[PDB]
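> Chain residues, written in single-letter form:
Number of protein chains: 2
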Amino acid sequence: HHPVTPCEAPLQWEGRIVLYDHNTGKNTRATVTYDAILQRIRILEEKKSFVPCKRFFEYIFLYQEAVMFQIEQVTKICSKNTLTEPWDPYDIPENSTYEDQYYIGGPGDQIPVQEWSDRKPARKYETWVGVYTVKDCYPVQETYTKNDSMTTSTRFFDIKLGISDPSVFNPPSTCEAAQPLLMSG
Amino acid sequence: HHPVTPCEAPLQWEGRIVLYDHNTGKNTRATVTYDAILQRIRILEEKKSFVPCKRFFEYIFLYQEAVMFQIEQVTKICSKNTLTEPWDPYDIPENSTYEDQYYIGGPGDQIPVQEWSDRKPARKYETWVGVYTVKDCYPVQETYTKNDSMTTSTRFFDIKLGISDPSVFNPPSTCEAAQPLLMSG
Ligand SMILES: [Xe]
Ligand SMILES: [Xe]
Ligand SMILES: [Xe]
Ligand SMILES: [Xe]
Ligand SMILES: [Xe]
Ligand SMILES: [Xe]
Ligand SMILES: [Xe]
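Note that the protein sequences, when read in sequence, are chains A and A'. A prime marks a further copy of an entry chain.
Sequence positions in the first sequence follow the entry's author numbering and run 34 to 218.
Sequence positions in the second sequence follow the entry's author numbering and run 34 to 218.
Bear in mind the hints are in silico, worked out from the structure with no lab data behind them.
Since no wrong hints were added, every one of them can be taken at face value.
The calculated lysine-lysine pairs, modelled on BS3-like cross-linking and capped at a C-alpha distance of 27 Å, are:
no.: 1; chain 1: A; residue 1: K81; chain 2: A'; residue 2: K157
no.: 2; chain 1: A'; residue 1: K153; chain 2: A; residue 2: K59
no.: 3; chain 1: A'; residue 1: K157; chain 2: A; residue 2: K179
no.: 4; chain 1: A'; residue 1: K179; chain 2: A'; residue 2: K113
no.: 5; chain 1: A'; residue 1: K109; chain 2: A; residue 2: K157
no.: 6; chain 1: A'; residue 1: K87; chain 2: A; residue 2: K157
no.: 7; chain 1: A'; residue 1: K153; chain 2: A; residue 2: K81
no.: 8; chain 1: A; residue 1: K153; chain 2: A'; residue 2: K59
no.: 9; chain 1: A'; residue 1: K80; chain 2: A'; residue 2: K109
no.: 10; chain 1: A'; residue 1: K109; chain 2: A'; residue 2: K59
no.: 11; chain 1: A; residue 1: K80; chain 2: A'; residue 2: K153
no.: 12; chain 1: A; residue 1: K59; chain 2: A'; residue 2: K157
no.: 13; chain 1: A; residue 1: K179; chain 2: A'; residue 2: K179
no.: 14; chain 1: A; residue 1: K168; chain 2: A'; residue 2: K193
no.: 15; chain 1: A'; residue 1: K81; chain 2: A; residue 2: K157
no.: 16; chain 1: A'; residue 1: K179; chain 2: A; residue 2: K81
no.: 17; chain 1: A'; residue 1: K59; chain 2: A; residue 2: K157
no.: 18; chain 1: A; residue 1: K80; chain 2: A'; residue 2: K179
no.: 19; chain 1: A'; residue 1: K157; chain 2: A; residue 2: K87
no.: 20; chain 1: A'; residue 1: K80; chain 2: A; residue 2: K157
no.: 21; chain 1: A; residue 1: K168; chain 2: A'; residue 2: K81
Some, not all, of what chain A presents toward chain A', calculated at C-beta under 10 Å:
no.: 22; residue: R62
no.: 23; residue: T160
no.: 24; residue: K168
no.: 25; residue: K193
For each residue, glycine too, the CB sits at the ideal point set by N, CA and C.
Next comes chain A alone, as it looks inside the complex:
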């Protein structure tokens, strides 16, 4: 029985992701503190042994106040910018096309999930697909070929409901500053 609407994804959680940007072939790894109630999300990039990028950023997105802070974790050199952009939660729009349900993982230790997309018969390809657990409606994976081939796959994990540490949305001392554009060296 094809669901009449998608489950409603959690509004607040702390978890970790891997964002795979195809444009560049890069996997960023991140710890994420997510809050759809306040329309704010904090992403702390993660470092691994013997990677060639010198630079790692914490991002703090505050859509309610239309600004994003971006801190180089090493130098601490902040970067306040504006956000023109409308907030996009990690959930499933109510107009989303159901696609499938299946069990991930082998017999015994497995788990049922669901696949939705923005497929409509008008267009050749989808621009969104998401997989979410059946029980709690947690995000597992999304792909968003947004803006003509700037496509990303995102994987979510170690999710844990709610927010133990709200301090992390408070931008640090060094953030009474300006609008640089930082990227990875």
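With chain A fixed as given, assemble chain A' with the ligands onto it according to the hints.
Relative to the frame of chain A, chain A' with the ligands by itself:
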């Protein structure tokens, strides 16, 4: 404790996948019958309501006999071709760099998995990443940015150990034929 070697993935199973080709933005959906012992894999593309592609193929890959059959499921018009290519199982090479372990899905209904890649500090980006379950070492997802930006993400599910139906590797009557190149209309 960083694993000294990766678990050994199953050699035979019947499951289903979604292959996301970025070049084109297309998700193919498929049923798969996989056998690393005989180095052969049969992929039966799957149809959904109100997609705009008219054409759907069953592929039968027989690496031990260096040939691939390709059947249009509608017209039945076969297409035997040669395979120059070395077989690549769905597993984790023993020289693979461990990356992480984490739980997919929310509290209660979740499942531990593992992430490996072909990262070495010599090269900026990975060209392979795979996620596999911890218990049974089942494939969950891979991304293989092979050959300079011909990158794919693959998701695996409804996997079930072993092969109930070996008939499917036997090419049909209409396959005493030749080497067309078929693609989707
Ligand atoms: Xe979203
Ligand atoms: Xe997509
Ligand atoms: Xe996805
Ligand atoms: Xe991708
Ligand atoms: Xe592989
Ligand atoms: Xe990759
Ligand atoms: Xe992956």
